[PDB]
Amino acid sequence: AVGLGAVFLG
Amino acid sequence: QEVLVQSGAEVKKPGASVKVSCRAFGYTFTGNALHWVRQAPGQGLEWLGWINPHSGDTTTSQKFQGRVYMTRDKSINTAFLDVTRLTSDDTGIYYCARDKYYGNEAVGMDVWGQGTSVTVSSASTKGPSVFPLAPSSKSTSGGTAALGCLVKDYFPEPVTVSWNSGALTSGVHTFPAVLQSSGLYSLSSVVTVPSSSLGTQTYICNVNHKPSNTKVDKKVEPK
Amino acid sequence: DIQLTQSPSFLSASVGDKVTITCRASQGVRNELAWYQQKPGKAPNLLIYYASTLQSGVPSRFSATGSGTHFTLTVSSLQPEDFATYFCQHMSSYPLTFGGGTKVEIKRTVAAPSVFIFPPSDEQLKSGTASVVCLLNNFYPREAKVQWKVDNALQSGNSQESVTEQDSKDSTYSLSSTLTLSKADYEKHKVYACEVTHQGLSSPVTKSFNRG
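Chains as they are written, first to last, in the working numbering: chain Z, 37 to 46; chain H, 1094 to 1316; chain W, -15 to 196.
Simulated from the structure, these hints should not be mistaken for laboratory data. Cβ coordinates follow ideal geometry from the N, Cα and C atoms, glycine included. A portion of the hints provided could be inaccurate.
Stated by the list, open to error - Dumping the calculated SDA-like pairs for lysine to any residue here, alpha-carbon to alpha-carbon at most 25 Å:
no., chain 1, residue 1, chain 2, residue 2
1, W, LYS129, W, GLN183
2, W, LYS133, W, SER166
3, W, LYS167, W, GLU127
4, W, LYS26, H, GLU1314
5, H, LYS1193, W, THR37
6, H, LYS1312, W, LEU109
7, W, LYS133, H, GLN1273
8, H, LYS1231, H, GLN1136
9, W, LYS2, W, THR58
10, H, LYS1312, W, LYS129
11, W, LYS172, W, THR156
12, H, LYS1231, W, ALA96
13, H, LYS1311, W, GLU145
14, W, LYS23, W, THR156
15, H, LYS1193, W, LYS2
16, H, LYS1219, W, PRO125
17, H, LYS1219, H, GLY1264
18, W, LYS26, W, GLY12
19, H, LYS1156, W, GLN(-13)
20, W, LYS172, H, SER1230
21, W, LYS91, W, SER140
22, W, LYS23, H, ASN1257
23, W, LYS87, W, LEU62
24, W, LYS91, H, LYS1312
25, H, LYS1219, W, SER155
26, W, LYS23, W, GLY52
27, W, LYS23, H, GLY1264
28, W, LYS174, W, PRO188
29, W, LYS87, W, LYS133
As the list claims (entries may be wrong) - DEER-style ranges, computed between Cβ atoms:
no., chain 1, residue 1, chain 2, residue 2, range
30, W, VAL147, H, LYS1105, 44 to 54 Å
31, W, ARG8, H, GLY1135, 22 to 32 Å
32, W, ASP(-15), Z, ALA42, 38 to 48 Å
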């Protein structure tokens, strides 16, 4: 699927 | 726990711009991509684009490129939608919606804001004229009569209608407003009551158009 | 753009029925499809993702299947809270698109409308316009035809209809038709009638008044 790259994890 | 809170209703003229905001509560704002989705009156769902709140990266649907801008302010956990060069085709309810975003891809919109109503019109604010829908002089003896209030020529949405200061709620039908060719809205509210109660019981409709601070009470009596 | 076609667009069912909704994609989207429920005045709620995994907190009477181009959503036993509109959505490529929706209504027996006509009020006639209102009260099914006649002349282009959502109590519908004329045009003519066609009526019902 489409995506927008990494995000802040936790 | 996850909640999205959007800014309030907007009314704009053709060619203007609108900025709607969407603040995330109950989870880490930078942890999930956020969509913008809109719904025209009585229509389906249309995707505008989405934003990565961590990086600020976006993808905007080709239909809206050059016109729609998605930004975010981490300090206040808020994502913004800018829609420029508005036309009446942009009237509708605009949603922000979080994606589950498993594995950094689109999976599903699992949290939705409450929606922001955007009205694009040349019309200016105007309270309604309330006229009676008089119960006919041909009421069924011991049967049921019908009476109501015509709430005509107002802008913008919405109006509320109650009957007898809210005491009468059975048999009430307050219709969705239609948009007249004039650019003003109009609706009716009706109720079915026993014909034996005409003259005896008092029937008043309470109309509230908060956009123009208009509160009208109109008494509805047979002619 | 990938177009998503849902079938049927409209569905009538009873509490306890099993119903299946279909979503066909014009191109293959693998498992990258979600289902949503929406009620009037509310944001959609996510039901299914990865084409067949239930969203947290969604009741288990919902399930879904499909891969590639053909997808289905099933409610095993419809409950009052399940009457609503359902959407599919893909996310395999841009732009993300939704299906046109499938509205699930409550089935009930045929109910003819009660029909009422309302001449314009004297107060409004001062403003220079006349509004004639025809009310169709508490009928089922929702399909109905309303036509205006002014001195036996069929009216076209000068009326607007509005319909309520299905009543939560009796599952009927109600409809208004509003005829708008200039006070000048209203004065020339005498007989005003709305003619109502509906499957609960043996033949069309006309309600009318004479101006004055």
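Outcome of range test on Cβ distance (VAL147 of chain W, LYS1105 of chain H; 44 to 54 Å): Check failed, 28 Å falls outside 44 to 54 Å.
Agreement of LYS1193 of chain H and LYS2 of chain W with the hint, judged by alpha carbon distance not exceeding 25 Å: violated, 29 Å
Restraint status (C-alpha distance of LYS129 of chain W to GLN183 of chain W at most 25 Å): Distance of about 10 Å is within 25 Å: holds.
Satisfaction of hint between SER140 of chain W and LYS91 of chain W, Cα-Cα up to 25 Å: violated, 32 Å
25 Å limit on alpha-carbon distance, applied to hinted pair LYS167 of chain W and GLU127 of chain W: Roughly 32 Å between the alpha carbons, so the hint for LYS167 of chain W and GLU127 of chain W is violated.
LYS174 of chain W paired with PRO188 of chain W [C-alpha distance capped at 25 Å]: holds, 22 Å
25 Å Cα cutoff - pair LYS1156 of chain H, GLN(-13) of chain W: holds, 15 Å
Distance restraint between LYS133 of chain W and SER166 of chain W, which requires alpha-carbon spacing of 25 Å or less: Given pair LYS133 of chain W, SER166 of chain W holds - Cα atoms ~16 Å apart, limit 25 Å.
Satisfaction of hint between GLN1273 of chain H and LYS133 of chain W, Cα-Cα up to 25 Å: Measuring from Cα to Cα gives roughly 21 Å; hence the hint holds.
25 Å limit on alpha-carbon distance, applied to hinted pair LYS23 of chain W and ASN1257 of chain H: violated, 29 Å
Restraint check for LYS87 of chain W with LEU62 of chain W, where alpha carbons must lie at most 25 Å apart: Holds, at roughly 13 Å.
Given hint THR156 of chain W paired with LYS23 of chain W - CA-CA distance at most 25 Å: holds, 17 Å
Going down the numbered hints, you'll see the structure goes against 3, 4, 8, 10, 11, 15, 16, 17, 18, 21, 22, 24, 25, 26, 29, 30, 32, while the others check out.
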